[PDB]
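Before any questions on how it binds or moves, here is one chain, the form deposited in one PDB entry, in structure tokens.
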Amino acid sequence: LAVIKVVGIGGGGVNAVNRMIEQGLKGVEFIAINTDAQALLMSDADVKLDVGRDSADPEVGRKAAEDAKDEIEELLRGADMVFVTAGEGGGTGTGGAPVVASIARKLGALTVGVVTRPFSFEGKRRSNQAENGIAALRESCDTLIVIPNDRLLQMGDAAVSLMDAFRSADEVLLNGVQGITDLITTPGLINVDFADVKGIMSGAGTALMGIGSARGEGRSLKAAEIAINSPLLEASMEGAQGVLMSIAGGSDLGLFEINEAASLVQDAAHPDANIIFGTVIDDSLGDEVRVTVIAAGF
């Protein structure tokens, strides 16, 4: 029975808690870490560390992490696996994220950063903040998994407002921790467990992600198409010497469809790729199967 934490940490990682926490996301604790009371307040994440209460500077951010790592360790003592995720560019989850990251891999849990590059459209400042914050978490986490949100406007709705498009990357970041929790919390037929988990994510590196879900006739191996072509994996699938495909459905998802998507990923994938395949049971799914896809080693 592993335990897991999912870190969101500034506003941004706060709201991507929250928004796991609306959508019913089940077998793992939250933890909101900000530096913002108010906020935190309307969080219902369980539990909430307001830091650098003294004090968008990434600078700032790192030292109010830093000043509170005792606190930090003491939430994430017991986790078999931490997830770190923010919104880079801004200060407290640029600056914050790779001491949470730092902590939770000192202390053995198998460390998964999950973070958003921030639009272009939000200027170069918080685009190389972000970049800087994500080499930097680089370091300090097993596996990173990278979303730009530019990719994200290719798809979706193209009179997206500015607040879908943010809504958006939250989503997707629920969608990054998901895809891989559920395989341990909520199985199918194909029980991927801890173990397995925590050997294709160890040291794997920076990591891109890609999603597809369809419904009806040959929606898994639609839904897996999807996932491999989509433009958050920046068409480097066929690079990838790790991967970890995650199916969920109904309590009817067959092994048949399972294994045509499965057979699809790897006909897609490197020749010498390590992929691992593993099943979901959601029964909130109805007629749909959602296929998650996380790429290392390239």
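We call the rigid core the largest set of C-alpha positions that still match within 1.5 Å between the two forms. Residue numbers count along the first chain shown, from 1. Compared with the form deposited in another entry:
Put simply, after the core is superposed between these two forms, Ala165 is the one residue in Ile211, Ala165, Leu221, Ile190 with a Cα shift of at least 2 angstroms.
Annotation for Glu238: C-alpha shift under 2 angstroms between these two forms, rigid core superposed.
The two forms, fitted on the rigid core, differ between these two forms by less than 2 Å at the CA of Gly95. Taking the rigid core as fixed, one finds a CA shift for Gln38 of 2 Å or more between these two forms.
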Given for the second form:
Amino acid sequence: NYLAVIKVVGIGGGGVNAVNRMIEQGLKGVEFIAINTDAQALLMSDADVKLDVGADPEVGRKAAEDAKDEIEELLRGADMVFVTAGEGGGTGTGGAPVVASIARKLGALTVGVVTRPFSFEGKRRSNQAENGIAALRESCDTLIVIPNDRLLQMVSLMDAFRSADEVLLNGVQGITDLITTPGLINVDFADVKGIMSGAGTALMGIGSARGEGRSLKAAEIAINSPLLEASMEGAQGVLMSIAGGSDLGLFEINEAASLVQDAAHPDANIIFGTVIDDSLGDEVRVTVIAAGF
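Right, and the form deposited in another entry of this protein, after the form deposited in one PDB entry?
No partner chains or extra molecules come along with it, only the chain itself.
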């Protein structure tokens, strides 16, 4: 109800791994759920709730369909549900749309997070990665798509893989912190629900800066992020969060908010807020989520 109930579901090996990284990094205010979808292997998790329903998406779908009642029990009462298969493919890409449709049929605000692999990784048959996206799209309120190729314009191979993991985690945290963790400017969850319900595909931009003019700088970087693929101009829904320390000033906060308004489409809904994270020092971190056209 008033403290929103947010459930983050990692499904398949990539999804469970994503959730374990969220746990290791101290992501707060959410319940973690790890769903293993493979018969032959189990990735363990320190998630609160675990379900072992076990490289084919079709296998993952059936496994989740078969466990639909149990998954529904786990999700019941959630105001918001994140679903991700994380990096890599496999059975998780088949199971994710099932978890999403259960969440949504229950009335929860349902947010998918999906990555497009780097082009250098090649491609498995049937266009199955794109098929995974479309299935998840049909099944979510908002699907946040992270095109990993765009990271190479923001690099060694190890750096590329690490960037991919970082932005994936932020695909959840940027939004959840805005809701769960107080800052000077707080948001109404109903407006989040208002802007994200039925919104469809979304893209994300991030930006970071320190010291002098940091909030404007980080915001300008986020808004121009290659991960947004220049979707900012035409976006009809924009969520923006600025994370920083307690000393984050209202004037500098408002400058960033003004910038995003000036860059967004005239008719865009804009949800804006701040997050206090005193671990950041004199750094601020902006997350922008753009949806619609």
